[PDB]
Amino acid sequence: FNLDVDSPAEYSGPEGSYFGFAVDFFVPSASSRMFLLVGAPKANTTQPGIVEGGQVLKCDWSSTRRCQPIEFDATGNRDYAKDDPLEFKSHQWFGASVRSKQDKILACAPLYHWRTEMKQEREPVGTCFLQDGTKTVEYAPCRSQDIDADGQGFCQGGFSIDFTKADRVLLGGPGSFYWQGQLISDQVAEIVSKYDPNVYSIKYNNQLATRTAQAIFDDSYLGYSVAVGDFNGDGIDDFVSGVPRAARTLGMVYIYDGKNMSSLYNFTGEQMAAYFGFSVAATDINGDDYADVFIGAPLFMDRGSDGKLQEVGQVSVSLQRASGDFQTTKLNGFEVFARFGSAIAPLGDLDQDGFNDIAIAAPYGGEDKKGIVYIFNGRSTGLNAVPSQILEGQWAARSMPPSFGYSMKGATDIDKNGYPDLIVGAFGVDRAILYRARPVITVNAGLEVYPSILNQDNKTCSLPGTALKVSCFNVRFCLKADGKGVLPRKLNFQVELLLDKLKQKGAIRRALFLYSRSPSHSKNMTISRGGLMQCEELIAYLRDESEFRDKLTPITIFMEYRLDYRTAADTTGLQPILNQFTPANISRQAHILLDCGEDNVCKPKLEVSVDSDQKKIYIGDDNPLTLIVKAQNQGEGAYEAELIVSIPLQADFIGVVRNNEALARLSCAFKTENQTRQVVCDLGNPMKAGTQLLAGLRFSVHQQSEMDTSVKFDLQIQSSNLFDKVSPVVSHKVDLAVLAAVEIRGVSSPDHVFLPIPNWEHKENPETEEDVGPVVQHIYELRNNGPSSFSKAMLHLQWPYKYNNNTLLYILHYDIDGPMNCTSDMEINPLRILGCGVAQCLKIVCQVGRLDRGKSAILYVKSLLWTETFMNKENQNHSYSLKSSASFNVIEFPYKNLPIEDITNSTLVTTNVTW
Amino acid sequence: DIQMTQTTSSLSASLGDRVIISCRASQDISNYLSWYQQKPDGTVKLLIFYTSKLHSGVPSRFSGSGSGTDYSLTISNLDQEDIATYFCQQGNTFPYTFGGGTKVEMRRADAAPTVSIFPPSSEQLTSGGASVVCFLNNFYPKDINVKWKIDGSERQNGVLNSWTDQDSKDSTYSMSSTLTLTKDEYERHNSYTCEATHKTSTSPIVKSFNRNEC
Amino acid sequence: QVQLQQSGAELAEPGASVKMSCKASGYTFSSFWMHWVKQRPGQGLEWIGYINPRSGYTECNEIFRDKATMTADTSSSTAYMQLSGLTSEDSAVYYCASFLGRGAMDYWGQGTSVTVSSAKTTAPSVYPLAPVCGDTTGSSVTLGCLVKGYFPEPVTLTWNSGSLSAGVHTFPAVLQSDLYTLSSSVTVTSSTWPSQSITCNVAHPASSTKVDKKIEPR
Amino acid sequence: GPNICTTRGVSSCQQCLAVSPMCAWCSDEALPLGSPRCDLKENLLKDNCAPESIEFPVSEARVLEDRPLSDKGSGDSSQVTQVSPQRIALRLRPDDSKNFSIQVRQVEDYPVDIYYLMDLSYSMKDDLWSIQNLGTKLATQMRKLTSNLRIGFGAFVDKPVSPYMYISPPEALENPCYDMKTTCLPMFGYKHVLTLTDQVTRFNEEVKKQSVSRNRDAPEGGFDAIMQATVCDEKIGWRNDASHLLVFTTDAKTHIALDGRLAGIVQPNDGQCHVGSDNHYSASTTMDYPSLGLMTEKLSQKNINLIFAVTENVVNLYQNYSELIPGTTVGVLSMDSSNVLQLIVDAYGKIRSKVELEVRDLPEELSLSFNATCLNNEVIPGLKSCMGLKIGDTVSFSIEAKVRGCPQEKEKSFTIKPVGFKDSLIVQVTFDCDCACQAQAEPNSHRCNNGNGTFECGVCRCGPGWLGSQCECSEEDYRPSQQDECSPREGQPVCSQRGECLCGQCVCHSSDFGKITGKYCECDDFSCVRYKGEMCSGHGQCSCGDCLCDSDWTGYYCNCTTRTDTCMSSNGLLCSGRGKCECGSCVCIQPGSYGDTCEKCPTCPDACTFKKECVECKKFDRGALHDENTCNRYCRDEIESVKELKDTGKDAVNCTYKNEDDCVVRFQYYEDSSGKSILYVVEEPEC
Ligand SMILES: [Mn+2]
Ligand SMILES: [Mn+2]
Ligand SMILES: [Mn+2]
Ligand SMILES: [Mn+2]
Ligand SMILES: [Mn+2]
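Residue numbers (the entry's author numbering), protein chains in the order written: chain A, 1 to 833, 872 to 953; chain L, 1 to 214; chain H, 1 to 218; chain B, 1 to 687.
Bear in mind the hints are in silico, worked out from the structure with no lab data behind them.
Cβ coordinates follow ideal geometry from the N, Cα and C atoms, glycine included.
Any given hint could be a false lead.
To be verified - Pairs of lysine-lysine, BS3-like flavour, derived with a Cα cap of 25 Å:
no., chain 1, residue 1, chain 2, residue 2
1, B, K650, A, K119
2, A, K893, B, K580
3, A, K900, B, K650
Claimed, not checked - Estimated spans, in silico, between C-beta atoms of each pair:
no., chain 1, residue 1, chain 2, residue 2, range
4, A, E906, B, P605, 29 to 37 Å
5, B, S11, A, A569, 50 to 58 Å
6, B, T285, A, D148, 36 to 44 Å
7, A, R517, B, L45, 52 to 60 Å
8, A, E537, B, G533, 40 to 48 Å
9, A, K119, L, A111, 51 to 59 Å
10, A, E906, B, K643, 39 to 47 Å
11, B, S282, A, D148, 50 to 58 Å
Please model the complete structure; the sequences and the hints are all you need to start from.
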């Protein structure tokens, strides 16, 4: 919000150079003049014979402007032999990626071509250059001894780069190992030290690199993006990288340890071709000292409104937690074909509020696709998804869309002020723009009145207006303002006060000055520094008796204030800004002299009471809860009385009741901070006496883990009364947990069996199908469905195995569903390939681990009926009902407190056999 | 494959000298030639690549001269760790072709060899066979021709030859001739003799051992 | 700081298949070519071929074709050259070499001394050879002990238990087609001469026996 | 009588209407100082007015064009008309709704275009081989389904620069396969070969002329090719009135948008066609691969049915992509492409079987609701689409358009059309909010009385700080004695207690929330039903505590979605007919089944009793016990007759069942036959 959008700096390279494709700050230790590094990957160069070799330019922000190209390399192509080129610098895109740390700056040519040392192959190895003291070295990590599509000849090393906090460069090349991709990291010191120009592949001690993997991982583009940050345990910066084509174009983000290439966590894209991984960023959004991962997926298509698909782009925000398991959230693009997550640049703390912040770019969004950058402030919770600022497009278009925001750099403060600044590159217009943060101001407004009360008989002060016995009071406002960073000393604010609120439209004005005879008043105030809260007093009087229509209403005195822009100072100019939310006005209120006695002052007796209906907690799955409340004041009128229901911090508020007509339809309010878990509802400033109110409040709640024993509500009324201004605290029991109805049921797919089967014969060694007969599947399913689960349970199946001397149903194979093991009796598998009541048992008991929150275990028993069995058996063909049965018992309810409920049930399945 | 010829296999030189090690390729290899220094214990360090380039820690004393066929490792002012065996290697085409190597020999004023015989004794006297050893120690320029004589006659078969890399501290070569014999062949003759001709003097040095008892 | 750690000496009976190891510490192994060089005793350097790890591709020399079996463990950064059916002309010190750019192998190994020979080990005997002629063994002296029947390959000869070093010339052994033939001579002041303790210490590690033989008589 | 309208401010005729279309008002002097004001309808007509001016507007949807849905679309005339009303003008009053309907028909013998876009990568040589006579063979089948047919051709391999292609180390820069000793054409980005013609033979001629190329990267530039076939209507020559099939055939993966970045391709795909005179894609070298979304919007625009003819190895892949490009179809090509013909014919019959409506340029301030009537008399509510259509059948949809308030002055038009259809119903929305007297009179300072002055409907609303009929009481120091019965008759409340009762009427005041509302100032703008505590689920606006819901929402809390698309199973069927769709989530009826779509049913009953009831339906004319009706059971596929079942070692299920009237049917069942199923039917009743 405090980023100045009025007067940024605009830099430009030659036409067609894609000037702005890459940007970064340069912070040299020597000279006071800081610079900016702009990548111009297509720019024509002085390198002889090299066409569009590309370059990087350092740009001065302070005093004399424009830009000078950094000369890394003036050389053309070397020759392996006569008229036999060793390398190809033409269209090598030097400058596609530029990163700096302290005195060091790294720039890379990902399209850099290289002839083989033996064969004629010209391969896209990619190259980089590290400059530092004076000193320039060539760093060509992917240029190595194994060169081809299978090795790294296609790596295009330098496609993405980043420095670790320590001295070591992490570099991403997308093309290694059939575009599996590769990360390689090297100590910068090692690079400069061991570079020998007569050696085309230089041996580096302590270099870390991934290896070839199984061929499925081909074309996954590891190292498309890159970022550095500590995740595993502590210590060294560990490695983050986007692998956008991974998992059948689903995309992933791999994290490898900084010490070894062992990898710790993975993230994976939502749907294919969303290019999850296009951009990646690492920074601590919540200032919890745990780095948080951000992942751009600019091609994502969410679902809005009607349900129609739309590519908005999406950014992932993964908050690190000490447990090792992250806390991820999603952030969806606001416009179609914006490509929302295309660049994610941490800015650090732009407002110096104590939490780091970040800019996410949708370079193809906004009016005329001019490009937009959304800026989001960090908070204790995490990233605040409602963006505090949207930087819009500057340049419209020429040929390409400008892609404003296609590149960004932040967190490095380019000017003197204590706040970070941000560069966005728009290569489609060959431009780069520096946005500078303004210093932030937090003001603390004070207000106080001498007494609190209103009476015409309160007469005190005189007045030049007329003979005066009149009821006046003292009003004093005050401003203490401060902020970190450069604040130009003495800051002037124009404050304005109004004493009514229930007025000023016209008609009857309730409050007047004892000086300026006005409801309205201005004041040129001029505070300074961080201290010395500056105050100014004014005595204001009220209407007296007659001619006043008066009211019960307290008449709210409101004070507001604004900073002065035209009186402000800087080198060129920067107008400082107020705080984001530090409300720019305040309200107070007194009471009426009415009631209480003949005093205007009294002390009522406040009473609160409540009642439940049933109170059965769902164990935390979607449980509706309304409690009826009876609040009564047995004393006199309580001034500015309001209900404070203090509830457990995990629970949500549904709404006011508006159902039971004995309940209030009135004014309620949420408040989560000052560590308040309380809900606050307004009863009005002039509350009544002998009055009693009844209201219903519905909620919904989880109550995470093992806190189950009852539910506790605390509620209390509170007021501005001199004595007994608060009610006693009121408890409210709630009965903990509940039971559920779990049921088991089953079926046999051929529930019937018809007459004599064709092509049937019976012997005592008739292998498999013809003799065994047709397959009959019997699926049985036990399911826990309800707001409770079974931590342990017992299942007992009885299977009709044999009638008398013959095996009726022969079990071929058994199958399993869910967290359950089982064991049978009278073993099933034969030579390869009532009904059961009180009669020969084929019973199997099974032990299920848990059926949790609408979950179930299922046993599918497929059997064949044995012919032996199917012999006529004396009396001719009759109807048999083959019955199996399954019973259950639920074991170990969750909590000892409250009525743990016994659950019992059983099932039977039947197969009717007729001719 | 193209053969690599170093025609001078033993270069004697003092400390501080100029040592130009020549090496010619069979076919023109277009200047891919590596020069390797194998110290006497056998570890081989790379000094030069691509006809002239120093590799990392190798000192500026090793001038890489060459083009076409004729190549030459030009050692600047000589020192002690520079006494070793220098190979050239053709790396242009495949299979890699080394040279013969050239041993850098520290130079000491000529010193006559001290020769001594060792007729068998004790356990050497009777194994049922025997052996008589003749050692010649600590001399300058190494090469010397040695033979044994028996009653004026010369033999071949029973014998074995040995030498010693140039000693450091005292810089002197030495050699061994270990004679072999059986009962009958040892008994068969009364007087042997060890005879070494060397560049130190024209009259050959002859030790003499005759077997006499009573 | 690059180290090429080789296997120790490898004695193997004719026809067998030894397999030497080469650890590559101090740079990224899988990204660099691995050359092997054969040096026969007192002979020149014979290039054997190269192996690219990762891909695993290996191009040998054609004169060593069907001899050298080159493998590479990229998970341990360790090259391996197996030698199948080793004959006695395979007796040689084998050298792994890290291949630099251009035409040159940069940073070598220590070497593996493979020796193809027959029969069994035999222990040494030290014959206190004394002059038994001369003129009063004129000042200083020349004496020592010859050693054949020597197949432990490495061994040690010393005078006066390392206390007397200077003036000790010990020769390298010579293969008899079995098992070895060494000699050891010493020149010690006759101002000492047999009043002194002059002991020839011959230690052969295969026999775990140290023979100490001085020479009184001749 | 007075019950509503009275309570809410009135203060104007326009205000009364804006209050609701169910309210009525009067103009001029109908009954001066007479019976109450506003107070609903008919009553007001009964006392005095509604002769002449009492204006209570009704919302309307007059049909402007209805041409008859055609029968035979073969001969000329371009009459078509497959969308029944073509355009219909709706005029709505504030917060009202009006309903109307639209009949879509798939015309028998509608012409068809088939553009064959094929991978020419080396893997496809056997494909070209097996293609060469397919043009004429397909021509002979489509002859059967539609009179006038025309076909075309184009081929692709990736894009010809950078790692995608080979950077040309060798001679093979003219011949990508040098090593395999087989000459092949160098890589080309997109090559248009044959413009659509009713002449099939020239398809065969050019396809016989084609020769394969070879690609470096496994993914290919098909999405480039697809974009250009979609968006160059001059180059391709798609017919205006015809069904459009863009058959895309590949054996491989495909390059995503943004991949092109590796190659040095930055600029995103414009959607505009660069296929030139030379029939080569000019921007393959320059422009990036198109995004799935852009492909979607162009397929939807240029009105083209994309057929994914992909090889088995990559079918799951392209199926998932198809699901990300709504409307796309995908079928299995054989590795030689022997089966493409029939896959294509089956695909034509596939997509002619569905009709799905779309709504485009729908004004945000407006909302629509759909019921679909598509099988016999069967109406499925909340559905904008109907499938399972035998070609030639006509379905119908009933729509309800409801406006939020009475929006800005302009006439807005929007379009409702079926997916992939030429015909479109255009729905012209006109917003009617005016008093009849609106343009009749002018305030002109003092017109009504002597003060700040108003005049509309002969009555007046006094200006900035005045009230009553005549304009007086400027500072409200005039008539303090007028309060009387304010909210009730001599009751407890004055007005809502948010403000002060002056001049008999009330001045509204409140907190800084702004707005609020009401005649008594009885309505706020803030307090509303809350789900998680954000507005009304964040999904609704609030007026007088009553939630006015956003587009496609319902319920008091505005948390109930209007999306039925979330309920679908097995390519249709919503909640798999095992449950009902409520607020975009399926509530299962009682299958014992569960899961989002009720697709997961661990136990379940047998298939036999329902199959028995569908056999009894078709071959026995129903009969069992309960449901007395005609039919509407549709099942599986073509049931032919066999004399015997067999153990085929195939996927087979032999089911035998009894039924009412005592019949014993025996039948085997066979799934996964060319993406279809096969029901064996035993001949005769038997029993
Ligand atoms: Mn770590
Ligand atoms: Mn964090
Ligand atoms: Mn911040
Ligand atoms: Mn700054
Ligand atoms: Mn094929």
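Exercise. Honestly, which of those hints from before does the structure not fit?
Worked result: 1, 6, 10 and 11
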